[PDB]
Every structure is written in structure tokens, then in C-alpha cells.
Amino acid sequence: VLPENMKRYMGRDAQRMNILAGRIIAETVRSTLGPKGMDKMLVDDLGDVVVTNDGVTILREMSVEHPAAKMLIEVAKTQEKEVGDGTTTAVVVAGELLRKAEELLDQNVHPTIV
Amino acid sequence: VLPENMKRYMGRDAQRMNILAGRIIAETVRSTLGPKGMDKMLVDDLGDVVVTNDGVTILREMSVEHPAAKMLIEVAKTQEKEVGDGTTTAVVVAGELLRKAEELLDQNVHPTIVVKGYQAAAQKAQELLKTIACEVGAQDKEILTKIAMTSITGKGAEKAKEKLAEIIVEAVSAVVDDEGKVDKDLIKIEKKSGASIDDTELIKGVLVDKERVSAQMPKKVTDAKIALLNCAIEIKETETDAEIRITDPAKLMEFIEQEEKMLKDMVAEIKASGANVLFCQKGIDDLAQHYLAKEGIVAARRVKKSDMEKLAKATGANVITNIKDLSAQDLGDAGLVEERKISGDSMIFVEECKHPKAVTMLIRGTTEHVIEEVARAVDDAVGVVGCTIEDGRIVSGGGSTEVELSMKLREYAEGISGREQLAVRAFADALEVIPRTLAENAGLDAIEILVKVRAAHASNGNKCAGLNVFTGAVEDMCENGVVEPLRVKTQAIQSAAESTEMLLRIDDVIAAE
Amino acid sequence: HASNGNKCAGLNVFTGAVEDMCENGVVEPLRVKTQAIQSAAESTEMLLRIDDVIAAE
Amino acid sequence: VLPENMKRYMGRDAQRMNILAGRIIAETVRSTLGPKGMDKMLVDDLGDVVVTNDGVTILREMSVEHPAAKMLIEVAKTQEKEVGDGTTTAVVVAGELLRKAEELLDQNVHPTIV
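Chains as they are written, first to last, in PDB author numbering: chain R, 4105 to 4218; chain S, 1 to 513; chain U, 4048 to 4104; chain H, 3592 to 3705.
Quick caveat, the hints were computed from the structure, so don't treat them as lab data. Certain hints may be false.
Unchecked claim - Using 30 Å as the maximum straight-line C-alpha spacing, the simulated BS3-like pairs for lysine-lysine come out as follows:
{"#": "1", "chain 1": "S", "residue 1": "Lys100", "chain 2": "S", "residue 2": "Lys191"}
{"#": "2", "chain 1": "R", "residue 1": "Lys4204", "chain 2": "S", "residue 2": "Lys40"}
{"#": "3", "chain 1": "S", "residue 1": "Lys313", "chain 2": "R", "residue 2": "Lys4204"}
Stated by the list, open to error - Label-pair restraints from in silico Cβ distances:
{"#": "4", "chain 1": "U", "residue 1": "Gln4082", "chain 2": "S", "residue 2": "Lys452", "range": "44 to 52 Å"}
{"#": "5", "chain 1": "S", "residue 1": "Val1", "chain 2": "R", "residue 2": "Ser4167", "range": "47 to 55 Å"}
{"#": "6", "chain 1": "S", "residue 1": "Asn460", "chain 2": "U", "residue 2": "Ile4084", "range": "15 to 23 Å"}
Stated by the list, open to error - Sample of chain R residues lacking proximity to chain H, with all beta carbon distances greater than 12 Å (derived):
{"#": "7", "residue": "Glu4108"}
{"#": "8", "residue": "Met4114"}
{"#": "9", "residue": "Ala4125"}
{"#": "10", "residue": "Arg4127"}
{"#": "11", "residue": "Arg4134"}
{"#": "12", "residue": "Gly4141"}
{"#": "13", "residue": "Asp4149"}
{"#": "14", "residue": "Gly4151"}
{"#": "15", "residue": "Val4153"}
{"#": "16", "residue": "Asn4157"}
{"#": "17", "residue": "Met4166"}
{"#": "18", "residue": "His4170"}
{"#": "19", "residue": "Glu4178"}
{"#": "20", "residue": "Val4179"}
{"#": "21", "residue": "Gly4190"}
{"#": "22", "residue": "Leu4201"}
Just so you know, even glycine gets a beta-carbon here, dropped at the ideal spot from N, CA and C.
Could you build the full structure based on these sequences and the hints that come with them?
Here it is in C-alpha cells:
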């Protein structure tokens, strides 16, 4: 049905992959979160240097490959358009909130409840 | 310096990779952990199928590639060599313990502190177990019946849990002698499909799956005098090569009559002892069977050497080598020796022994698989009764220990203060995995159960709580006789911590490509 | 079968119509059917017990 | 962890594949089942001809590739060793019984109940 080369994950595999990708990004940016949060230095393949704390900027500039990681990038952009601030906060909090929520799923608590 | 192709990770990268690999394995096996743990089916590239719960087996058979994953495999093997059990437990617990420990590292708590706090809390955990343990009379009739009956309940055999609990306690109590060491070798389990579970019984004697070799033998003997011989009742020959050199016709008769007398004297001597039952290890010539039968002596031939020894122990007969040495003091007693048909098959019953040191529990059931499970049910009941007889200590289950420990350790943590309190606090929080997976594997709400149980335990006490997975509600663990040996929990902690300490000691990981 | 009873029914493949099985002496041993069910169910239970399938390439 | 080349299915994917493979085999042999059941003619790559009704024989002779189909072959052999007859019956009945059972799983009826 699908063109050879296309890859698909479903059910608990789709969930595991998506959560894990989101979590790793969250761990990368969480070090900037808060009054005592620090900054990153990103040097592209061209030599240009960007030093920022902004979650969108960091994620926009970096060159992601994984489709699941590319889908999370949309979250960061929508957060900026809608609210402005809370980009790093929303990603980090959203990750932990999803992780803790999945512990309930494993306990068989319908996600509509959580 | 290093050959191109070699790969190396160091510092926090070496740590991240190693932990993550270990954790994923732990998640793979953790689904087997516990009474409600399930099994896996592994089908190799050849077609062979293995269905097991054993952590080592699963990991040994699978074909790992990653070096870090290959290094963890050594942990599982060492766990088997050192302790035997706790392979899955140690890996799963070790993983979470390492994960929670790394959260402290990120907080900048020196790993020497974390490891020390765990050691300290672990040693204190054993003391607390000894303290909360409820001491009982090793041979208390009533409490023993609860151990027995508690095991039997929830099984096919529960229909006759009262009678079965009775026979099981009695069997162990009889063979244990003093208070006490038990040898489960003195309790035989014979299982034959037919009848129902209600027909199951205990026999203060032995049930042998043999027949009376000759038809002409008596079908009933009362106040039987049993003889246990291991030497064959045949014409003995010298070790040195010999041969008769006949030189007169008178000798053709002389020797024949000589061998007849020797044979008759043999048999005559057995009878002279007053024996009416004889167990021979080797063969019995047909003619000997004939005389034995005419004397109303019951005989059995071709008995196993190991069986000859079990027969001596059970019946209380003394194995004699030379008939010359046999005396009345060597005779054993059996209240009854009788041929019975069980599921059509003929078997011999040695029952009504005075004070038997070996008993048999004949199991009946509507199926082979049923009597097999009933046998397992008893193997456990004997086991747990044995644990209590040797260690007059019992304790509530359903994760009650870990909850007691979590409480007391938290207070102890506050007493110690400093960073060390965080390490002892994490140990107390780590103990919760047991409650967590008990209810998870049971399909109970892990969060809600724990909240209800802990609250109820804090109110009703120690012997008025635990989880009852069967009814899915708090109960009285003591009233329900749902107890385990302290040794189970104590050894589990000991072996578990020593493995965790080994991992915690590593501050450098160098894996080749 | 619900009307005529137990010994006044069955299928008669030969005439392609209901008959009297008893009158026609079209009977089989109980053991055929009993053993068939027993062995059949024990195999189904083995399959039903599997909750994990790991097949190599 | 696993050698590149190894393939794995899990959860509902492992279940779907296994059931489907078993069912197709059942449809192949079910045409022999019963007093009015017919026979098959199997001609190997060598020219040898076998005409039988036996489920084991048909499955033993044929050259299967799929691992899931190879695992079901063991069922047919164990059926022969244990009971003798009911090889075709057990496979066909087992397939439908499993199919109808999965309809209950989709309804969220714990397999321990079914």
C-alpha cells in the first residue's frame, strides 16, 4: 500500500518514540530554565555564532533529522505565536507531565481521566 | 594511540550510555518479576523455542551487540553463581537504584555519600525486619493450619483445604522429630489421577508402586514381620575359580542334594526369624518364590539399591548382608501390608506403622494436571511450615515491611541530617517499587491501593492490613494466615544491595568496539 | 429438532432433508465427540496462554 | 542490541501477524475436514507426488518461509504425538476460536476471562 522506503510506528511504539524524542530535547533546553538558567553557544557549519537562551532559536537553528523531533519543533513555534514566553517552560514541563502521565497509562488509567 | 575502529566513551557519556542500556534490559525482564509475573517465548534463528521466566536464560539466549549491554550480562551470571535467585530482582532494583542515585549526582551529592547512605539504610532495614517480625510458637497447631490452608486456598484443591491443611501439618510434625530441622525427603508425594480431590489423604507409612511377584502369596497379612535383605538368595560361589571333580556315581546325587539343602536352609532360616514379608535387592529364583508362597511369606524382587535404603528408613528394618547375622532386633514393623487397586493399577500399602519417620500423601483428582498442581501446592505448604519451624518468626506481606522501613528510615534521615539524609531518603523512596509492581502485576490501581493500604495500616496496625490481591481490598493478614519467612526478605535485601554496591563503585567504563 | 425432539432430527446428507436418526440407525459413539472436544480445547488453551511472540528473522 | 538483519514484532502487531498466518493455513486444510472432505495433490521440485488428507503431511512436505508459519507447524506435530487424530480439526477450530476470541479483546475483555 505504502511506497517502499516509508517507515511507520503505531500504538505503544509510536508513543514510546514520540515521548522519548520530546524528553531528550527537554533535557537539552532545561539547563536554561529559570533565573539561574545558563546559555548555549551554537556554531553552524558556516562559522556564524549564536549565543541565546531562547528555546525556538536553539531548535530553529539546529538541524534535526528525526521526523518525531521535527514534529515537536512545531510546538515551540506555536508557543511563540500564541503566548510569546514559556517556550522552554512549556517543553520541559510538558515532557515531565507526559512521562508521569504514561506511568498512569501503564497502571491502566484511561488517558481521558489523566 | 588506539587502533582506528575502536570506540570510546568517558565521563558523563560513559555513565549515560551504561545506565540507559541497563535500564532498557530491566524494563524487558521486570514484566516477569513477582507472583503475578508473566513469561516470555523466545524463538531462535533455528526454530528452537524456549519459554521461561529466568533472567539469565533470557539474556544468555538472546544475541546482544552493544558492548555495554554485554557487560551487564556478566552481572546476571555472577548473581546466579553467588545467590541463585534474585537475578531479575537484582537487575530491576539495581537499575532504578542507579537512576535515583544519578538524580543525586546531578544535585552534586558525592557518589561516596549516596552509596554509604544505601549501605547504612540497608543494614538498618535488616534490624527493623527482625524488630517487626511477629514471634510465634514453632509447633502451634492453630497457626500452622492457617499457613497450610492459606496456601491451598485459591487453587483447585481448595474444596478440601481443611482436611489437606490437617494432613500436611501432621506429616511435617511427625518427620521433624525435634524443634527443629525438617528433611522433606521423609515426606513422599504419590499422585494418581482418579477419584476427586476430596479422596486425597495422608498415610502414616509408605505407598509403593509395585506388586506381589507371585500369585500364590497370601493376599492379607496381619501383624507382619518384614525382612529387608540386600544379599541375593542364590547359591553362593567362591571368588576363586572352582569346579567339582566327580569320580564316583554316588557324587552325582551327593552334590544335587547338597545344593538342595543349602537352598532349603536359606529359605528355612528366613521363616525361622518369623518374617512374613521379604524385600530382596537382587533376584529371586522361581523355586524360591514357590517356597516363599507356600510359607505364606510375601516377597518382592529386583528392588532398587536406593529404594532398599528408603525401605530401611521408613519400615525400620535393618539391612543385613549375611543371613547368619540376621536377628529379631533387625526386623521392622508395619501395622498393615495390603494390595490395593488405585485407578485400576495394583500398588502396595504399608500403613499403620507405629511411629513412622517417613509418610506418604496419596493425592487423588479428576485429572493428571490437577494432582500435579495439588502436589506443588503441598510442596509449598511443607516448605513454609518448615520455614516457621526453624525460624519461629513470621511477618506481614503485601509490602508491609517496605512501608515500615520507609517510615522509620525517613525519621532516621532527619536525625542524621546533612547530605547523607538525602541518600537514606532515596533508599526509603526506592523501597516503594515493591508495592508498585505488586499491584501493577495484579492489575490493581498502584497509586490508590498504596494510599488506602498505608492509611489503613497506620490506623488498624501491623497485623490488620496488607494487600489482598484476591479480594482487591485491605484485610487482616494474620487472620488470613498470609505470612512469609523473614529469611526471604532479609536475604533478598542482602544479595540485592551487594550487587548495587558493585555498580555504584564503578567510576570508569572502557568498552572496546 | 426443537419440535420433533432429539431422536427425530439430524441432517441426512444422503436425502438432503431431516429424518429420524434413530429409526435410520445413524449413530456414533460418545467417545468420538468427547475426545474431539478434550484434545481440541487443550490445544486452544496453549495458544490462548501466549501473550508474547518473539520470532527471529 | 540485536544483530542488524533480525526482525521483531511486538504487542498487537505480533498478535495480528501470528493469527493471520495461522488462519490462512487453516483455510488451506479445512477443505479436507469432515466425511465430505477432499484431498490434495502435492508435487515437489523433484517430481515426487503425494496425495493425502493428513494435515501434518501436507505441512511437513510444503516449504514454508515465514517464521510465524514455521512456529504453527510445531502445533501440528505435537497434536500428532499427543492425540494422533484431530490435526486438521484442531488447527481449523483453533483458528476460528482465536479469531472470535480477539473480537472480545477488541471489546476489552481480559484474555484470562475468554
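Practice problem: Identify every previously stated hint that the structure contradicts and give their numbers, smallest first. | Solution: 1, 3, 5, 6 and 8
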